[PDB]
Amino acid sequence: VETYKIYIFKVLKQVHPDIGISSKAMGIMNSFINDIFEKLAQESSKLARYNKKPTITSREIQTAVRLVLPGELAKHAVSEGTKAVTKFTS
Amino acid sequence: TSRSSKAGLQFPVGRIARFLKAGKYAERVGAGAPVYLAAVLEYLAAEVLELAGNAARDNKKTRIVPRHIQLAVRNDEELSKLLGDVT
Numbered sequence: 034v035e036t037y038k039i040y041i042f043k044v045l046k047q048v049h050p051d052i053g054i055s056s057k058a059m060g061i062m063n064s065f066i067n068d069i070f071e072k073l074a075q076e077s078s079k080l081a082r083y084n085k086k087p088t089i090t091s092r093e094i095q096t097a098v099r100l101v102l103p104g105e106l107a108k109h110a111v112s113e114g115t116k117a118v119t120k121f122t123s
Numbered sequence: 015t016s017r018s019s020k021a022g023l024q025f026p027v028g029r030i031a032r033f034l035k036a037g038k039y040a041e042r043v044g045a046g047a048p049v050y051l052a053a054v055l056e057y058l059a060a061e062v063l064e065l066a067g068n069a070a071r072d073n074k075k076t077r078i079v080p081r082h083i084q085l086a087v088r089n090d091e092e093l094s095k096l097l098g099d100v101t
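Taken in order, these protein sequences are the chains called B and A.
Taken in order, the first sequence gives residues 34 to 123; the numbers are from PDB author numbering.
Taken in order, the second sequence gives residues 15 to 101; the numbers are from PDB author numbering.
If you're looking for bench data, these hints aren't it; they were derived computationally from the structure.
Among the clues, some could well be false.
[Unchecked claim] Below 27 Å or equal to it, Euclidean Cα-Cα: the simulated DSSO-like pairs (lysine-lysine) are:
#	chain 1	residue 1	chain 2	residue 2
1	A	95	B	120
2	B	38	A	35
3	A	75	B	72
4	A	38	B	46
5	A	75	B	46
6	A	20	B	108
7	A	20	B	116
8	A	95	B	108
9	B	79	A	35
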């Protein structure tokens, strides 16, 4: 387990500046993020081992998202991941 | 400037890079991998928080509580499929 709470709150203050969050609700959000981090990191590990790849690249994270998220949610996550990497390299 | 700032993200690219590089997931983690993963986790937080805030304001509340997250996820096909039930 890691804490993403202060970063979850940063996202809350972007999308709903005027809405707060209770301690238990933040706990649920943090448990959600941890759970997904593990699933995507573990799947990326699998995928890199399957094809004898030394390196987990943004491509392995993108394939991991498609193996883990439901199709429609995946397509949005892949678009947000790709948007970030395109900005980062710009 | 941070990797997060460069990527246009609130979620912590540096920390997620360290989390991946310590989880012994592969020999190497590329520069892009933690940016992409941080962006995905940020997107999922932002969907859940946007819908749970909407539920709070629809309830005439000023704070997201667990029921609002539960209603947000329940009333979304994809989030229900991903997260299943919220306790």
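Cross-check of the supplied hints:
{"no.": "1", "hint": "A:95 x B:120", "verdict": "violated, 30 Å"}
{"no.": "2", "hint": "B:38 x A:35", "verdict": "holds, 21 Å"}
{"no.": "3", "hint": "A:75 x B:72", "verdict": "violated, 33 Å"}
{"no.": "4", "hint": "A:38 x B:46", "verdict": "violated, 34 Å"}
{"no.": "5", "hint": "A:75 x B:46", "verdict": "holds, 16 Å"}
{"no.": "6", "hint": "A:20 x B:108", "verdict": "holds, 23 Å"}
{"no.": "7", "hint": "A:20 x B:116", "verdict": "holds, 12 Å"}
{"no.": "8", "hint": "A:95 x B:108", "verdict": "holds, 15 Å"}
{"no.": "9", "hint": "B:79 x A:35", "verdict": "holds, 15 Å"}
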